[PDB]
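Engineer: Starting from the structure of chain A, add chains A' and A'' with the ligands where the hints point.
The residues making up each chain are set out below.
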Amino acid sequence: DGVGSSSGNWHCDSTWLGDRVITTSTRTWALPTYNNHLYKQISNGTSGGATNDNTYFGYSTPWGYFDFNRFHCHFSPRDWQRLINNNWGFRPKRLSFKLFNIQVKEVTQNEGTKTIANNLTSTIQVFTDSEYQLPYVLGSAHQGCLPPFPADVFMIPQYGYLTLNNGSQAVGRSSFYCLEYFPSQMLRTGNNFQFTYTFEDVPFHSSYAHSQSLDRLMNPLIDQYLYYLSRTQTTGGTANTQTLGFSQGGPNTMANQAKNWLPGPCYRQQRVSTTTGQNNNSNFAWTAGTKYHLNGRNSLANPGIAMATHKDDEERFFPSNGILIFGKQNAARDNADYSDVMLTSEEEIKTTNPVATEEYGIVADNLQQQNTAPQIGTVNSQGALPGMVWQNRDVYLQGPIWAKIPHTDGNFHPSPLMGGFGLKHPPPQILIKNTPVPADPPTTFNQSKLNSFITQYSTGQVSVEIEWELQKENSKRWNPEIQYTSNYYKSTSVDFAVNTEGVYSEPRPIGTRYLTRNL
Amino acid sequence: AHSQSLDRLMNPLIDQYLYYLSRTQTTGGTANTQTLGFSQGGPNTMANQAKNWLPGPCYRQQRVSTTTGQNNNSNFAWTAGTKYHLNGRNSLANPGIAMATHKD
Amino acid sequence: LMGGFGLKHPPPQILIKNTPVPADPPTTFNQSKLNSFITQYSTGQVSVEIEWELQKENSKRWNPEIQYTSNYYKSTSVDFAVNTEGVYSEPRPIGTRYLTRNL
Ligand code: NA
Ligand code: NA
Numbered sequence: 220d221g222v223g224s225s226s227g228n229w230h231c232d233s234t235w236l237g238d239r240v241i242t243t244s245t246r247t248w249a250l251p252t253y254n255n256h257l258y259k260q261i262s263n264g265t266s267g268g269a270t271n272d273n274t275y276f277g278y279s280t281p282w283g284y285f286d287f288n289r290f291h292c293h294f295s296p297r298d299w300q301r302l303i304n305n306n307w308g309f310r311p312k313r314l315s316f317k318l319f320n321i322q323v324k325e326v327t328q329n330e331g332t333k334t335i336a337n338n339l340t341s342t343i344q345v346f347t348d349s350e351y352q353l354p355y356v357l358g359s360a361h362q363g364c365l366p367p368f369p370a371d372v373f374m375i376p377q378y379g380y381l382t383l384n385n386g387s388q389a390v391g392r393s394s395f396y397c398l399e400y401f402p403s404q405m406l407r408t409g410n411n412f413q414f415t416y417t418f419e420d421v422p423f424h425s426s427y428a429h430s431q432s433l434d435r436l437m438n439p440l441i442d443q444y445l446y447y448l449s450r451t452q453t454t455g456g457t458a459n460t461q462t463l464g465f466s467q468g469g470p471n472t473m474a475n476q477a478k479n480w481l482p483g484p485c486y487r488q489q490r491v492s493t494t495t496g497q498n499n500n501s502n503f504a505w506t507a508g509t510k511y512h513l514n515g516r517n518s519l520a521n522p523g524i525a526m527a528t529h530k531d532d533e534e535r536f537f538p539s540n541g542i543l544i545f546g547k548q549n550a551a552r553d554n555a556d557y558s559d560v561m562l563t564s565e566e567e568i569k570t571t572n573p574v575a576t577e578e579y580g581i582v583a584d585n586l587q588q589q590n591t592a593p594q595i596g597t598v599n600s601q602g603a604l605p606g607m608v609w610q611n612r613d614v615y616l617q618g619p620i621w622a623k624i625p626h627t628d629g630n631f632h633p634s635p636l637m638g639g640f641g642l643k644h645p646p647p648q649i650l651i652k653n654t655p656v657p658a659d660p661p662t663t664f665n666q667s668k669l670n671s672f673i674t675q676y677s678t679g680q681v682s683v684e685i686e687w688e689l690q691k692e693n694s695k696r697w698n699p700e701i702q703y704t705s706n707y708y709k710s711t712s713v714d715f716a717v718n719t720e721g722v723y724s725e726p727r728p729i730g731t732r733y734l735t736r737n738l
Numbered sequence: 428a429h430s431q432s433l434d435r436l437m438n439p440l441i442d443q444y445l446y447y448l449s450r451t452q453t454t455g456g457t458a459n460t461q462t463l464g465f466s467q468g469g470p471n472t473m474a475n476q477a478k479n480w481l482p483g484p485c486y487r488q489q490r491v492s493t494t495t496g497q498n499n500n501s502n503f504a505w506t507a508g509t510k511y512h513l514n515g516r517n518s519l520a521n522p523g524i525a526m527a528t529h530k531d
Numbered sequence: 636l637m638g639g640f641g642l643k644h645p646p647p648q649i650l651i652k653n654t655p656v657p658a659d660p661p662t663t664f665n666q667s668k669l670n671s672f673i674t675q676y677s678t679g680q681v682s683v684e685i686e687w688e689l690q691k692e693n694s695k696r697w698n699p700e701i702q703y704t705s706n707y708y709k710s711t712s713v714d715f716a717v718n719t720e721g722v723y724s725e726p727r728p729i730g731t732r733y734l735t736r737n738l
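Protein chains in written order, with the deposited numbering: chain A, 220 to 738; chain A', 428 to 531; chain A'', 636 to 738. A prime marks a further copy of an entry chain.
Chain A on its own, in the form it takes in the complex:
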């Protein structure tokens, strides 16, 4: 381990071995000094115009962190295509992480003149929250992950966290965490860091779409032996009185047939069209938003439980806050136009999951008698019911991979709503920080903590290797399947490539459900 010796090589590749695929990606990173080496209490109350739904109390820290919770951090577009076009499923098995070729640079600023040089003896500090003692900030769809394109140099995100709050104030249970309290490895140029991790057992992601629907599992050609109430009143003319008539469900009465299952849970969202002219002329994104109520404040149930984005022929419709939406390259942070973002679609699950913008179904609302007509009620919120079956939200090339399951007494189907794998012991948080280097101190002793430091930052490479287990497709479907494919005809540029300006871009969201499977 010396100044003149590399401490690691560039490992970027993918190998397919059978029921496994191993991805490996390396990137060059840059880490500045955050918070001026300080920890700062940050808060936001209800003063000014800040609403109560957005209050918070927490801290910003001088630390940065590595994040690769995004599929494109590991799969190239072509690899993603190889995965989704041929496998009914897949899942993470184990990973290796490495930090190397570290270099700490210090910048001198005198008379407009700026010079940067190495500080051969400075160190960075690194450690993993292997015992999950820090607030788990990963799994919240934050920016700062390794770039999709291998040639892009990225900046390391700053670590910050939240605790309990009451307005802009802290409460008795509010917790303060000092990351310097943890043992951490100190590396100088020449030193490297690495660790291994094994994923817990988790189900394969459903990278397939159903080629059958819950309400169409019977034999088209045979009647049931079971009967259903088919008539409640006579029909012979005008002397119509009450009676009781029963019939057997059959090919023409599939909606009446007795069935064994029920569609998945529902939490109805407001519908909105991509054809603005068809929408009400008001600003309802928030006022008509589907939300949950937690201790006084409201949050969008975004994207909320997995529901079909729209029913047959209505591609223009989508749940106001019930789908993942990515931005196109350079889309504005605020009020970006529809043509600057990319809406995803969980259309593939219409097959088992209720459509996100409609009722779950209908229930009786009273007791009918001869003097009281029967009444019905529309169900727009339907929790788990015995016999329900459903699918989870799909995952995307540019979407999240996993999330830490909250440590609670209970929960229900812990599949992270934004999509992905829910893990009790997810990949550990990897914290990194440039060690503060005092600028000359006074010549006579003083109690005060130093606050004058040499200006510096660090850079180096990072590698992440993940082994994935594949669940091969075993279909007897005779006719060809749907497959993700590149466009055929000429185009100004190549999809999933760089610009004349060297800018890489992801033209569209790529899901995972192309192959089909029976129910």
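Any given hint might turn out to be false.
[What the hints assert, rightly or not] Ranges between beta-carbon positions, derived for each pair:
id	chain 1	residue 1	chain 2	residue 2	range
1	A	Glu700	A''	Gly638	46 to 52 Å
2	A	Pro605	A'	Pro482	21 to 27 Å
3	A	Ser564	A''	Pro646	48 to 54 Å
4	A'	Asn459	A	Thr627	40 to 46 Å
5	A'	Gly455	A	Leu448	55 to 61 Å
6	A	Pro369	A''	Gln702	52 to 58 Å
7	A	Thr711	A''	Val713	55 to 61 Å
[Said to hold, decoys possible] In the SDA-like style, the derived pairs of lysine to any residue whose C-alpha atoms are separated by at most 25 Å in a straight line are:
id	chain 1	residue 1	chain 2	residue 2
8	A	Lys510	A'	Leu433
9	A''	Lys668	A	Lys510
10	A'	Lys530	A'	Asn514
11	A	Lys317	A	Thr245
[What the hints assert, rightly or not] From the derived model, a few chain A residues whose C-beta atoms are all more than 10 Å from chain A'':
id	residue
12	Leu236
13	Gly455
14	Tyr486
15	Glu534
16	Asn706
It should be emphasised that the hints constitute simulated quantities derived from the structure, not laboratory data.
Cβ atoms here follow ideal geometry from the backbone N, Cα and C, with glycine treated the same way.
Structural biologist: Okay, now just chains A' and A'' with the ligands, sitting in the frame of chain A:
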């Protein structure tokens, strides 16, 4: 006791890469018509941020204050009680599912 | 067609690049890829050793053969050498077909 809340698990300092519908109508004056505007959740919009979880189940109970003067003047302990209906008879869902006794 | 040996598995391409070294980054996080780098270049030596197999000549031709030869008489400079300015130059193209062979 948890020292964090379900709706405050993100990093206070970083924006999401995910967007949410932020605007449905223009704002420039009185010619306001429908439009579509999207934004990225961030430190000041934590209520809008995409999240992975939902709060536990609910079965709303009637509230009552220990300051009698703030309560309706009637005997509602039973009539306004949260109950379940089993074969013709009703029982108080007491104490029922676990829910926070009160907010801040 | 330009001449030479056609190979299905020719010597591999050898790619080289200077690793980008970020110039100081901003002090508060930003999504954008860095675009400010320290200006640098690299230098070093490179060696290539190739072993060639020769097919010796086995001719019974009685009379001398044609041979590539340096010019005999005086000249301003030496062919295949440097200038008074230190510039090396190849005065002419030199082929390979001097010895002869029957059909
Ligand atoms: Na493509
Ligand atoms: Na010569």
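Engineer: Measuring from beta carbon to beta carbon, are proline 605 of chain A and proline 482 of chain A' in 21 to 27 Å?
Structural biologist: With a Cβ separation near 23 Å, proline 605 of chain A and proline 482 of chain A' satisfy 21 to 27 Å, so the hint holds.
Engineer: Taking the closest pair, is the beta carbon of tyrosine 486 of chain A still more than 10 Å from chain A''?
Structural biologist: holds, 31 Å
Engineer: Determine whether the Cβ-Cβ distance between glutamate 700 of chain A and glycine 638 of chain A'' falls within the hinted range of 46 to 52 Å.
Structural biologist: holds, 50 Å
Engineer: Just want to verify: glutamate 534 of chain A was marked as not at the interface with chain A''; is every Cβ pair farther apart than 10 Å?
Structural biologist: Holds: least Cβ distance 30 Å, greater than 10 Å.
Engineer: The hint says 48 to 54 Å between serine 564 of chain A and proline 646 of chain A''; measuring C-beta to C-beta, is that right?
Structural biologist: holds, 49 Å
Engineer: Is 55 to 61 Å right for how far apart the beta carbons of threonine 711 of chain A and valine 713 of chain A'' are?
Structural biologist: holds, 56 Å
Engineer: For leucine 236 of chain A, which was marked as not at the interface, is the minimum beta-carbon distance to chain A'' over 10 Å?
Structural biologist: The assertion about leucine 236 of chain A holds, with a minimum of 24 Å to chain A''.
Engineer: With a cut-off of 25 Å on the C-alpha distance, tell me whether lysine 668 of chain A'' and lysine 510 of chain A pass.
Structural biologist: Judged against 25 Å, a Cα distance of about 35 Å means the pair is violated.
Engineer: Given a hint of 55 to 61 Å, does the C-beta separation of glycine 455 of chain A' and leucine 448 of chain A actually sit inside it?
Structural biologist: For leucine 448 of chain A against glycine 455 of chain A', whose Cβ atoms are near 59 Å apart, the range 55 to 61 Å holds.
Engineer: Are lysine 530 of chain A' and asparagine 514 of chain A' close enough, with their CA atoms no more than 25 Å apart?
Structural biologist: With Cα atoms ~35 Å apart, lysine 530 of chain A' and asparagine 514 of chain A' exceed 25 Å; violated.
Engineer: Do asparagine 459 of chain A' and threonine 627 of chain A keep their Cβ atoms within the hinted range of 40 to 46 Å?
Structural biologist: holds, 44 Å
Engineer: Verify this label for me: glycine 455 of chain A is non-interface relative to chain A'', using a Cβ-Cβ cutoff of 10 Å.
Structural biologist: holds, 74 Å
In terms of the numbered hints stated before, the structure departs from hints 9, 10, listed from lowest to highest.
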